[PDB]
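One structure is given below, represented as structure tokens, and several questions about it will come after.
Note that one protein chain of the assembly has been removed; the remaining protein chains are unaltered in position.
In this document, chain identifiers A, B, C, D and E correspond to the written order of the chains, with residue numbering beginning at 1 in each.
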């Protein structure tokens, strides 16, 4: 899928059924840069226009790294202007992945730190390998998680654990992540990608138009309290009842 | 309790102390229909006007089903008009049960799927039997949980598990439900009703006027961020200090 | 730290590195009164103006009590006027502790009930000893948790467990608290203070200006939905990139 | 209307068609006290249960005063406890009048100052006599408009004029009030009551069930942004289409 | 503009510079029906993809009617299903016109009642002819303004005048509309279209990319309080500073 456009070779896309497998391919640490952040946004835009795609899996190339976060080549020095543009690209890329019209599954096959973890927080579901370690260590260098980490992390794991990770710089492993809600499924070494593609196959058995309508409803509390969406819930239910 | 009005025989009510035991009695699957959804709303309205009632337990008649959700007799065919009215009745019935002035305890004695699960999400506390299985499989038929499921489920279990259940159609058992926050207590087969009635007895030992005032405060985040309620919290605290 | 001002001897402060150790010293139950609630607010105000302080630990003097909540000497009788002023002092003291510019760690060394538990909910992180028991039993005397308990408790543990504690008056121990998210770390008897001071030392290794900026961002959902803060997140990220 | 219950002789009620004419009768200044604030809330509760009442007019007895605000007999001295209870009674009385299920019309026949003005802000529509003068002069005695004035006044007239009245203690006459949106219609001396009863007669020509449903929708922005109500608008539109 | 697609002859579109002139052409009263509501949404979608279009004017064909609101052919009888679909089409058509990426100007050349008025409320700016009369008389037939009228009308004119129009069924003329904020400019008979096209020409002198970015910011209070957008304001300001 994404068969043709200027897609960076740092992001490989393969079609497996109704599922798009995205692999971060940037050695040695599967780090995110400008080229890949631009390609990610564009790629999500085309997958939202591909009606053959009901699901999405992203994972890191190789067995060691899911993603080590932001390249150092970007928050270089130095340039104040670079930093701002880079924070922009992270938001645009990960908000787009967040707004994927199907379901997105993060197959955490290793270290997911900083921006790599924020990328997985951007996905709908996370599947981590037993040895995987995740953290947001930006405060250690006087910075912060600018790709949504300050909001997404406490959203799943709660404020206590979120500031244990960000404010105290403590990393967590897959089994601790499962205990606190950061991940939904722990699997053995080398089983995330596979596990993710198989969970992405269960989605292709559901009505795609129902998935696309339901998902924004589930994320409703991210912009507005849940009770404010209940009338909208019935309305989209009737919209789904129409057209069988 | 609810000693006299036109209450459908599909909903049996028995008074045990300061507790109203509601039993869904609609074989074979304790399914919800129009008659029972109307009776539920009306029943909650009278229990809110009965000052002898401090608590509430709902459970499914029989050992197999808590509730299998919406009757097929309602989202029949077909009629676009039926579907809309039915989504309305679900909201009105379960929002009323949600707005019960005392505490409500769901004693999940079996399958609670779709609308049956939304009914239990409407209650304050859930107690599940070990063998009980719960899901929201509406997306499998191109529909959605229209009785609050798209908001209530992620509210307790988080977005990851909520779309694991809704978007991926994966069901969960009582022990998984406990791990993710969907239920608060797991008990052995045939022990939910009993467990629920005994938890409903601890409530009758607390000031009822304090329960009625406190409960809306606890649900405050469902309509508005928690910090916006703090001045209101002290105000209702003084209201409780008045009248001893 | 807090080396000089009128600080009540009911609140002892000792400086350990970049960490301020606050100890509730009011026998026999480390109860909160007017004098201590005033001193707490004032103390947090000076710690926010002490740039030598990056973290904060509060704990109860002695091995038995963290804090038994509100003194009876305050919600005395009786005076309607007293009650209101007291609810005010709780809010002001614990909202200030909540708004501490560094990280605050509750070292629960025993019973933390009512206002004592609300004090620990006010802190960023909670570390409980195995034998510690926590509850909000205000509804048992016809009152309510007026120091933020009705909002803070469901915020961490969810609505089900929050009303299990408040509406049903059921207390929880440290291992149950860990299971539900009320605490982040369980430790053995006599190890909380120590554990807390060592977690407070990891914070002094991070940029303080990053901690002060990040923490309000993490608590953003308490006043406004998380998505509304994302542009602000990047903006404060660039503010942190400036000044290296 | 309100034909029988313990209604204080300080509040006279007369039935004119489908309209309830409420007259503040407390010389010399039509001031609000505890007895009248309690009676007002109770009176609105019964008018909401009287299906013969589609509209409501309140005005001051005599030609000189609509209402001079709060009695001095209440924020007496002195008692801290009195003040709090009194602020409570104002809110409860005027929020109830605000939540009247039909339309309420303030016929301002004279001075409406402080609580008298807040009473008229509580009504749906205001009709002022040419000589009428309105202000919120609470800040002049070190207090504030505690019956909703700090929110209702800028809601209609804008922040500039609202703090011109409250923060600068400047009063306005009926013609200035019309220019800024504080009133909707200016009439000649002795014509407000009459004008109000005739506007209240136009309401009795509309579907009452439509008025009761529509009015909360119009006030939707007072609790939540307008766009959040649009799905609810259609839903209540279909509810009105049902039952013809 | 909109040079080619299935556009209903009930909606005529002509290109005048960078401005699209939309004319409701449905005698005798320029009423809105299903065919025209579908065409309106589609038309706005294509104008948002036409980079040659910076502005938009809608007006009624003929000198007598701007729009008399909803056709009777739709809320026919009767069918409950029809009513719901029709409320849906109004929302979708007018929310799209509301979300036009350029500026939209309503040239009110006559009666604009009910849905016709809601259509003009959907536009950015309103220019009314002296003889034009506007109202929302839905409550007179037991219905309500389902195309946003219950939210848009008080948004501009305030609650008092909004329920004077809706709850009391009182219509307003162009000079009263100007006094209350319902319209921004009053012009003489036969001068609205012309006035609107000339105001739409001033827009083509501004940066289009600035108009598209600014307009959502101006409407920010419709979904969220204004202070929550200020960081976003600077961010889009820098986005505009980039690309010159």
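By our rule, a contact is a pair of C-beta atoms (placed from the backbone, for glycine too) under 8 Å apart; a residue touches a chain by one contact, two chains touch by 3 or more.
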| item | value |
| --- | --- |
| Hidden partner chain, touching residue among D:221, D:230 or D:240 | D:221 |
| Hidden-chain contact residue, picked from the options E:21, E:125, E:132 or E:162 | E:125 |
| Sites on chain A contacted by the missing partner chain, in the whole complex | 79-81, 84-85 |
| Residue ranges of chain B at the interface with the undisplayed chain | 224, 228, 231-232, 234-235 |
| Residues of chain D (touch criterion as defined above) contacting the omitted chain | 75, 80, 83-84, 87-88, 91, 95, 138-146, 148, 150-155, 158-164, 166-170, 180, 221-225 |
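By our rule, only the chains that are shown with their structure count from here on.
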| item | value |
| --- | --- |
| Chain A and chain D: spacing of chain centres that average the CA atoms, whole Å | 52 |
| Separation of mean Cα positions, chain C and chain B [Å, integer] | 33 |
| In chain A, residues with contacts to at least two other chains | 84, 88, 155, 221, 224-225, 228, 234-235, 238, 242 |
